[PDB]
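Before any questions on how it binds or moves, here is one chain, the form deposited without the partner chain, in structure tokens.
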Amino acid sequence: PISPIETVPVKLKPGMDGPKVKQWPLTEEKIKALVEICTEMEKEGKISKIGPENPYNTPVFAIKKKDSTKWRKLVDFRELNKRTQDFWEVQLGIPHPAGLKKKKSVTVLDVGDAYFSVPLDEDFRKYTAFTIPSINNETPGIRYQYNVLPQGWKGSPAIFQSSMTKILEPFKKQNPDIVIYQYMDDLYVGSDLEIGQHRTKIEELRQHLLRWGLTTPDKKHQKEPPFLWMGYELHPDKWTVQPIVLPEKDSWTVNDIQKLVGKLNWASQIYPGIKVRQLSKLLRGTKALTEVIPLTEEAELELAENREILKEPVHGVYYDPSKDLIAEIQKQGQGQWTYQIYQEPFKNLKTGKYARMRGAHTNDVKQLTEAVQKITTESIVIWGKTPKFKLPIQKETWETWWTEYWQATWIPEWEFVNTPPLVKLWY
């Protein structure tokens, strides 16, 4: 702002060169947006213009955080990160409270705004270079380099750490039990209070950061409810299991049994303790598909005990901070999108699901984009780190739309997969 700070030297990994990722092409809506936002930042000295000596380059999109109040810049520093924040995952690494996932409620407010004060280490700037495209490349992109810890970049936080924990102490006093996880751009306050009270703690907190320096646009509504007044409140209590619905309707046919013998014979990897031969012996004959069959010996029992190990979660499933978190989401049916967040095939960590409205924006590429931002937060909150998604979506379709319904300040990592086969009907 107006009171210089001793910048914090920043070293890209030895042998690692700044990023040179190419700028995704934008709508002109998105440019005009960013084009304005930037000029702004530029006046504020927030960030400046560079030259051809800087060959580095990281992506920048534009989305809407509020509703449509007005656009917001979102630099996809996913790269500069791997080439930084990974080694700046320790050097100045922010810890993760493994209890936060338990508070009665977790409100989520950002602070990305704070970073915008601490000058960035002169030598490192060049790597945060980001470039506003032009429509049809009819002009040389406008080139900007940051002069303050930009936001998306996972090291603006770590540098700002010290400063936060300092602004956030005179509140940790008052309200002990409140947990505060700052992951990148946003703070995660979590408390076991009757809503209204917690909600207060938050506003009571926000008002804190606020009378100190930070500002939190967290003004969610404004004394007015017309059936849409959302302020990020999660509830890590219901983060739970088990909806693998084995049919029940007591009238099974050769066809009904058939499918069963399969889904059961499927989970033999995620569950090696399930037999089926005895129920498959029920099929042993070449009977019609719409004929009803009868419950056999161990089979009738086998449906019980094999519907029983189907209640006791797979053991051996422990988070491995070494490995990565993968999360494959799968189109289920209208509105519902089942998912899983494993680290090593068939050892699933969480297996929720999700849904959205038909009439109102009934869309896949929207649901998914939300089922991610949601699936993601389960993570940020649970294991304090965004996953990598095996997105059942055409690389280029997603490539085009996500930015839209995308609310978040972060971009996870993702990839696109050919076809889930015998998995949409199971979990």
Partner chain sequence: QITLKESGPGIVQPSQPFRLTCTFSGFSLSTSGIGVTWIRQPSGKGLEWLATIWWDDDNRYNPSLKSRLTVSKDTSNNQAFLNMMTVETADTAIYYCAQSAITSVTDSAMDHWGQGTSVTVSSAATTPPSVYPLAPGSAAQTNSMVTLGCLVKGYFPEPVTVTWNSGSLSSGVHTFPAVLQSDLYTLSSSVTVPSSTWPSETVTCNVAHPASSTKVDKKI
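Residue numbers count along the first chain shown, from 1. Take the two forms, superpose them, and find the largest set of C-alpha atoms that agree within 1.5 Å; that set is the rigid core. What changes on going to the form deposited with the partner chain bound:
- With the core fitted between the two forms, just one of 325, 74, 109, 257 shows a Cα displacement of at least 2 Å, namely 257.
- Once you line up the core between the two forms, the Cα of residue 53 ends up 2 Å or more from where it was.
- Relative to the superposed core, residue 396 undergoes a C-alpha shift smaller than 2 Å between the two forms.
- Once the cores line up, the CA of residue 218 ends up 2 angstroms or more apart between the two forms.
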The other form holds:
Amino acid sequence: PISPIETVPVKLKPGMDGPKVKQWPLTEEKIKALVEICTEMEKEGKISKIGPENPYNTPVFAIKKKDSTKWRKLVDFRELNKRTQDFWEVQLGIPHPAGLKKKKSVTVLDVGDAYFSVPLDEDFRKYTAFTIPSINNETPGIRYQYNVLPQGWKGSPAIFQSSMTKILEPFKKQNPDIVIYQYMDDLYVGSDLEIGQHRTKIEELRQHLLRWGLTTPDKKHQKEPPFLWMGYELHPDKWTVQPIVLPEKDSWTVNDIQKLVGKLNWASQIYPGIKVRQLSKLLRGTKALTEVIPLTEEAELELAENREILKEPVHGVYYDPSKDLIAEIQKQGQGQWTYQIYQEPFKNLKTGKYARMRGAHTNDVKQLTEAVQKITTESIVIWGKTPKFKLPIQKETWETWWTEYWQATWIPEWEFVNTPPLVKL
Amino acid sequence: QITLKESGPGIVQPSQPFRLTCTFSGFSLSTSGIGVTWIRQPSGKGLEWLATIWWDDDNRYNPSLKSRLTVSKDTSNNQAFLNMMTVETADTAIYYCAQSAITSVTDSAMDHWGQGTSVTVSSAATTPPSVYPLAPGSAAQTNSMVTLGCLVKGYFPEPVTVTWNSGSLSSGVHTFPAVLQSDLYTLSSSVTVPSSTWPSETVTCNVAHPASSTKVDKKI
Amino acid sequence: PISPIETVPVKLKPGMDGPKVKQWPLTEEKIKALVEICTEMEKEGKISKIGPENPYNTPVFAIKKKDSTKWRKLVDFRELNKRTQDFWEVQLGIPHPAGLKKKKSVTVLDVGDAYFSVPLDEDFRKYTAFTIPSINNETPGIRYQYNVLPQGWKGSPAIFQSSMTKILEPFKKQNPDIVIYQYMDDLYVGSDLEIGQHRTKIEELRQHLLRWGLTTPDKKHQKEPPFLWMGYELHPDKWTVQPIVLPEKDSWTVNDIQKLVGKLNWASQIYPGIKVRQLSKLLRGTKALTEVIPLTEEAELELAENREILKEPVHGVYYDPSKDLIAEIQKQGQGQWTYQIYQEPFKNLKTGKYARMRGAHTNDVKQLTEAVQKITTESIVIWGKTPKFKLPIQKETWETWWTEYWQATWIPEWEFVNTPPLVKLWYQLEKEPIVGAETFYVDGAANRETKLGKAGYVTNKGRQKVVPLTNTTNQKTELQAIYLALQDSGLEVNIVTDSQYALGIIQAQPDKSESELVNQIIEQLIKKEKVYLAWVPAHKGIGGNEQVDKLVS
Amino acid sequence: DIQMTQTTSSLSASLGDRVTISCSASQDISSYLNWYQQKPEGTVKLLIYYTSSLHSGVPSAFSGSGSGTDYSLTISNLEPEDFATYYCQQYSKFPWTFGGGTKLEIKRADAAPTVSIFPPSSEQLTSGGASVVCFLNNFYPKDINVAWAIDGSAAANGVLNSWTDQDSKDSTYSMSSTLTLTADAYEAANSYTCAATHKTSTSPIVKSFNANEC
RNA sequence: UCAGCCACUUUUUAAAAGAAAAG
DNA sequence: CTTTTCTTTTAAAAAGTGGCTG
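After the form deposited without the partner chain, can we look at the form deposited with the partner chain bound?
Whole complex next, starting from this chain.
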């Protein structure tokens, strides 16, 4: 018993047959944190217990979100999401704000709890089933079933949208200057206000959300020593690019002339006049690699010409709402990472990087994980969708640690890859 | 623009509690990053950190004094209070209220202070001083540059003026810092006048204790 | 016996129906047996006569070749099962003693006729229809349908759990101090309660189960010292399994090589380091049931070493969350490792092996982590908290590894041990091209339909070479030709390729591989003091490439 | 309670000189340090935050420096204003602590103390009071020792002193020691003697008298 | 006689990565 | 002036076996 509203019939995408994923191992802490948060929900009957008779399944893990509220269980509904039907509501019903990127500050607000207020289709409830594990497999894992719009499910924001809509109508109305967006269990609020005026209008919003549909957001713990909270805000205007292309040497040797062409010959796909013909001419014979330094000024001229084409508003790019999005990472240096996001290959609509903040959080995975979390966010704020990630790491690996360095309410799609040196220049 | 002035009792009996109030302007105890701190520099020593009142209501006290001291604020009125109970000798000092604020990820310092208030702790009562002329004595005209003296004994309310001849003699005057004697202050100043001047022209030293309302002069 | 616990609504695999298997005329004496048996199961509500409308049927046979007291009459629900709706079995594995805390008073109760106590979905029952074939004479036979969970049915051990666990929760929430480890019909309980006060608590749990309908006789673990739980013998301060009982000489058949090989794995739990790759490779080629393999000598010693590890008695000690877990690793196989998860020095907790190539171009650097990761997750599972590692590699070696590899990798808290055939990266492709060495521009090619092709190269001093080859492909040559360059050259060399494939394989620093060529390329690399590898696009003509291209082609 | 220490207590200098003050921490403070300046008047301005970042208004001459448990504040070319006390502060662990500042005084040529002593006044005596005062005016380095000895060199219990802050003008220091003795001790004793021992000369610059009255 | 755990071996599956071919 | 086909190679998952559990 929760909402006198009538349950909206949800059917899965034809042919598919609901999630049947297995529950990967969880640490004690996480188990407890998961147990607690879980039972208090059965008490409120947000979810019911269920036995073996329910074959379907999806996994859960909880993350230690650094906020003065509590923990956070996270169902990995990426499976059921693709198994689940479409939603004309999630698309046109939820258009995407141009100016979300254009603002000075955008805050992320976990409007998750605005979900318990709506029951899930009785017929559908078998699919959103998860299962808590147990230390050394004492007693068997207790299984639950969702009875209301579940946290992180392609439907929760669709069905609940016409509501979320009215809830913000007052706020978005008395703050036109502000830009609000909805993506999964999150609200992307952005204003051009002074940061202190923003941090005060979010809390302005972070309270209206209360007197209305008891939408409880998280209470974050701010502190003193190394002020991370001061970083929590997001500034999309402050976002840069990556036209760092241009190489530069005085003693141009064979190796350096070849490396430059290899990299420049491939770039011909990402830029117009990438004419590297006269450069090939300089390395005409079986010249001694390591020493020969043909300084030829002949090339110097059109080498500067190619340099020109490498820093400008690329011709060819375009965002097709239709096609997916892709994001590619590469361990580029010391704690430095870079990313390219594209739809139709070799015509990326945005490139950036990731440099671990000054601090003792050195862990190759941890950076990659965090990195992904960043590339994801940019996509949400910019095009309003989520990139699919080709992760430069071993699947078997990333599976052992990604939970321990992930903080978002959402989890994007990802595969694994080992692409050799060209993908770094 | 940004400013904050501290106000206290000035004088408080031992074992009695006191409450300094700091009013401020420009910033606000309602804005995220801001805050205010109470520093304490005891008479002839380094400043000491006591407590920081934080905007998010999460104030922090110095471990040595929280058992007797507390903070709070009324942002609405732009005031910041500091309460300390059962006051002792040692505590008597200038107390500073200071606007602190977390700028960004790594920046955090007390951005702007204020002219501290003087909290004096003592049983002692309002006592007009008694000035005594310190004359050269066993020597006269045996010095081309004769130093004259003027002692100021047994007064409490620390503020005390010492002028030389209705405010004429300034050059060559040293008015030393007061010292605690039987719970009363004793200031001893000194002027040096060329031998030609003192004997011939008059040189009196005047002490003024605003608190008791005593202005007094003394010849030689 | 009959249980009041509510039932699980079981169904059939979507779009099917019940089993309608024929029931062969049985032997006269067989009929008689089944009769008496089912007549008793009837009084025990386990089953009850069905009406002439149930087109459903499962076969019953006679075979009373098992134990003289509750010697059974049997049914084959294989076909029923084949249609019996799928279930989520609910489990992360079988509990291991290394995850048991050291308590004061332990007890291991069990449950007779488990499946024979939990009522089957009354609504589903019409599918357990077994017709006990009547004697030739009587034309109509005797029908029965099960009411509880028939052993042999797929969801019987599942639905039971889900049920037995429930009966347990209400007793558990009322006293979180008594540990109750459950597995089917083996209830393990122990707590800090005095041996007496403990039984005064068993009484309660021993009642609870019976109230719900669970017989717990004295056919349980009586002696405190011995507790034969889950194959393991739980002792006051140790866990063991005396029956290491190996297939003596019967290794006469490949099938017994199976049993042998697998028997080792289990043993590996308490038993310190044991490899099997030698034996495991002997099974590789087999597909014949009942035949033998001419055991490769490599395995004769391996079996000899291992067996010496099988004789000596040992023990695993219980785990206490106060003192933490350390995972020590060791390598002694051509790519095989061992790990000891332990709290205090000599006292071992659980011990395991690791043996595999998670790819084709692996190396002792990769096979380290890939062991570690294989141990954290496995420890996360048995204790809840990640363990500290003691890797047989040096700190610098790891520094250089990850600093180079473009693929992200890591390892949590690891110490530095130095008691093994230390793991380390062999060669090192120099960051910079050696000034004063041959710039061997290499190349290769192979006609798709020729099955053959030529490999070769040219050098900075015009020196050319070429070698046609058969059975090789485009991808094989460019890698093959790389060899010629590495060969025909001293300790210093600059090798220029136009194959992205070659460059990749060679950058990862493979220790070994399954392949011969790729490994030989490694071998040379292990001798040469200075190697450079650089890629150049193939069909544009850059450097000595245009020429080398014309040559090898 | 990270303990903060400013090793150098009072340093000497001159208009133009280069000043660097050292500050040490009880444990690593990850550059969480601020520099506070306090004029002779008694007002505290923020000098720099992050042990390296310049506060606004603050001149360029000022500069942070440090890493870990040690940091330093450096003034390029000293100036008049710049002669003040300096407070080192850390904000790593919350018990915010400042390390007892460093005094930056104006160096001067030495100057012997001009000792001057005065006998008790009848004004005072007419109440039993016998206050013997001995002004030691204008002298270099505060480092100066006084000796109040009455027939027998004993430092009679009852000597209070008050040393002045370095005067802005002369750059000298002047201390005034006041010896307190009752009328019964005033008459009993024979002669009083105030003596200043300074760097000027090993010669203890003394002055005395005798004149019992009541 | 079923269900789960791990370890083995033979296959498929896709696929991504490149490559060649070619018209 | 360019484009579809079809490969070569490598990964990750299915399938009878084995030890062990009940």
